[PDB]
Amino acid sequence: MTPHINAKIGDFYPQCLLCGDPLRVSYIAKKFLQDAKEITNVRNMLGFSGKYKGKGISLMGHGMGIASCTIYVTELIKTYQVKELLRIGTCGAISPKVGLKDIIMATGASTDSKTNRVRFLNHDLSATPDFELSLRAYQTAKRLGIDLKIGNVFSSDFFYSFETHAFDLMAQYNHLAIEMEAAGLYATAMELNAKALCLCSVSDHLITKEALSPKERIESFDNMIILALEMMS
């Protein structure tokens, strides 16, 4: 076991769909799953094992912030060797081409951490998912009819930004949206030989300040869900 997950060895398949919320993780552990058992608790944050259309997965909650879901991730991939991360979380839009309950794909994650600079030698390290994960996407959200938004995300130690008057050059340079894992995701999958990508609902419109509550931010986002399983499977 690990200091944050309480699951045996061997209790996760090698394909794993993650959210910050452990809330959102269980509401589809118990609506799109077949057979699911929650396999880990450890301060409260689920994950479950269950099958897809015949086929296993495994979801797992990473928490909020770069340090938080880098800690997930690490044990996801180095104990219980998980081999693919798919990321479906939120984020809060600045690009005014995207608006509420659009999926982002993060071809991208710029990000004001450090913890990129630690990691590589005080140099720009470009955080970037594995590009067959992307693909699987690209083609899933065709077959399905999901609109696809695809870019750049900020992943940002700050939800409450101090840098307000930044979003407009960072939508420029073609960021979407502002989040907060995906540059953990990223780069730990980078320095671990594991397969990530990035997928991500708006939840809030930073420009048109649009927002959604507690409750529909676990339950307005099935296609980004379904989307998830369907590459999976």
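What we label the rigid core is the largest C-alpha set whose atoms superpose within 1.5 Å from one form to the other. Residue numbers count along the first chain shown, from 1. What changes on going to the form deposited in another entry:
- Core-superposed comparison between these two forms: the C-alpha position of residue 211 differs by no less than 2 Å.
- Shown in the overlay between these two forms, fitted on the rigid core, is a CA shift at residue 15 smaller than 2 Å.
Having seen the form deposited in one PDB entry, can you show the form deposited in another entry?
One chain, no partners, no other molecules: that is all that follows.
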């Protein structure tokens, strides 16, 4: 009933977990939820509803990049009444103060996109998450015994960067890692008065080149999954 979601109205709980990869959403729905039901699949972009420790929770893939993430979040909020958008994914660390398996909470999302200057008077929009959600994330991680890393991320239009020489200046200004959506998620949620947070686990270090093995990857993504479901409980 939107050009990118074929769910029925009401099929989404007001809390939604987000990933770029629709197959990760699938993995989460099978392994971590009871009574999960696939509710959308336009363009193979999967969404699910189901229960986690008795509470209703929703999952939704959103593709890669600001433009794509912006499409699905816009529809999720405007048509399907999602109110809290918690978003999890991987990132390449650029700071010396984070390493493999760390979970980063993005209190800001810088960007090389033009999307926010187009949204916001051609000025600098400081794209930021909802504070109460970050507080629930901080509190839950302490309780779970996770050493939550906290700082800005840089949301890039480029997976294959042309500005790799600038990563140290980004790290100087407290950017812990690079991904590709958070500035879009945060700006859209600000645009539509909804609540958003982004969480990112370190799977590679772009400076010193250490990398997780493909099943070390899955163990640390699981650690992040559990943190996310726990803070929505």
